[PDB]
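Just one chain is shown here, as structure tokens, and it is the form deposited without the named molecule.
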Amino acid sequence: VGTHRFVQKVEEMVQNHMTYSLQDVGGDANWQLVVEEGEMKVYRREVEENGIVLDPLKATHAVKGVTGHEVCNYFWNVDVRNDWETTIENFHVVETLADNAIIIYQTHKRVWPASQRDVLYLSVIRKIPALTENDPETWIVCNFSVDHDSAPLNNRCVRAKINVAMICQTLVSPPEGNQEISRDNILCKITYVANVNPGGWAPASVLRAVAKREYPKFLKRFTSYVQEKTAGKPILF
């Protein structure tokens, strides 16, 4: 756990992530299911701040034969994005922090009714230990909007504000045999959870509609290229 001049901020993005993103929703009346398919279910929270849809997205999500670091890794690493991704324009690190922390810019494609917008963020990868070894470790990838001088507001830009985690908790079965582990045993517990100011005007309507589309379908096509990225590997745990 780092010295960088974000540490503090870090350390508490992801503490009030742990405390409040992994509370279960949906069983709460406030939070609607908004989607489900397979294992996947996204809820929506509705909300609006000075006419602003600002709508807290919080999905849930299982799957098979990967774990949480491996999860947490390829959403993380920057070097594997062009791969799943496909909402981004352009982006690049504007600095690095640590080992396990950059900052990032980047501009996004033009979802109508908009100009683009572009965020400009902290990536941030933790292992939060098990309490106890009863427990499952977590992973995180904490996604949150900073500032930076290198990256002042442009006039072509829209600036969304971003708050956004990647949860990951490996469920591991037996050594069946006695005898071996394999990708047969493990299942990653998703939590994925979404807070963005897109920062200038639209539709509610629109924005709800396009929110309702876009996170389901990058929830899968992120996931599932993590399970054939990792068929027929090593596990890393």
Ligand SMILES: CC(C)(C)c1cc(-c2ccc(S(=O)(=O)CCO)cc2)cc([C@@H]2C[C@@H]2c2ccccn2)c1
Contents of the next structure:
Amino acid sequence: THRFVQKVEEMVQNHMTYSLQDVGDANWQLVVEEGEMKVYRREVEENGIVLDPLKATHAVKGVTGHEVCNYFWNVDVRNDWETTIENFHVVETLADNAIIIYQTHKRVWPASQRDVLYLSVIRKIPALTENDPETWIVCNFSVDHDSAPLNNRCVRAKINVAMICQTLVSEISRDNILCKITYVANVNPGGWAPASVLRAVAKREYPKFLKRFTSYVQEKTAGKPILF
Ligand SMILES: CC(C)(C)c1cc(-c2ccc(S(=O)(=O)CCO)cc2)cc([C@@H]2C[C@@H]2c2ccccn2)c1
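Show the other one: the form deposited with the named molecule bound, since we just had the form deposited without the named molecule.
Then the entire complex follows, led off by the chain already shown.
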């Protein structure tokens, strides 16, 4: 019971209430569709800066949500799949399922480099009823911290990202399992950046990040006991 338990609970529950809802919803603009993966955005600017909420859904054969979330959360494999960061440092271990991370992102010309400081928590949400599936969720959201590094080259972004996973099973085989992912990211670039750049990056890099990440999960897990 670290100092962030109540805030974690609130971020997680807002995701379970809002992020999981189907989008039908003309609010969401469907931007990219490649097979199982659908990527939506809303066009939002605050103080002239692009904030466009991003939401993707995906269906990945042969993995569970527990697996997907472990791989997304576990800093030990962070460097194998991650293509967006130059460095990260674990600032603080809060619990066996919660840490605070500092990371610097690769520069995207011509915007300044960004850094981010966030709490990352992995959580299992038991089936609400015996009909409903259980859910595994990772939430990454920005927090303040006294041991925040000094990085004069970087503008501080703020993020609220969730990777939310439900598992369908049709002796259980990988052939028989399907992980349904909803992934959401609300990123505040934290100072001026060209609108066109942020939008092209999002539109090109989110589908790649997600197909790449999930392909890595399928690969790391294939022919290994199923961790439900
Ligand atoms: C533009 C866009 C795609 C919405 C964006 C997305 C991310 C982002 C953040 C976190 C995650 S994660 O899923 O929590 C995995 C651990 O990192 C994935 C992606 C970061 C930026 C950084 C703000 C900085 C930035 C600023 C200017 C140009 C390029 N990049 C911009």
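For clarity, a rigid core is taken as the largest C-alpha set superposing within 1.5 Å between two forms. Numbering follows the first chain given and starts at 1.
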Self-check item: Candidates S150, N154, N90, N77 - which moves between the two forms, C-alpha at least 2 Å, core fixed
Solution: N154
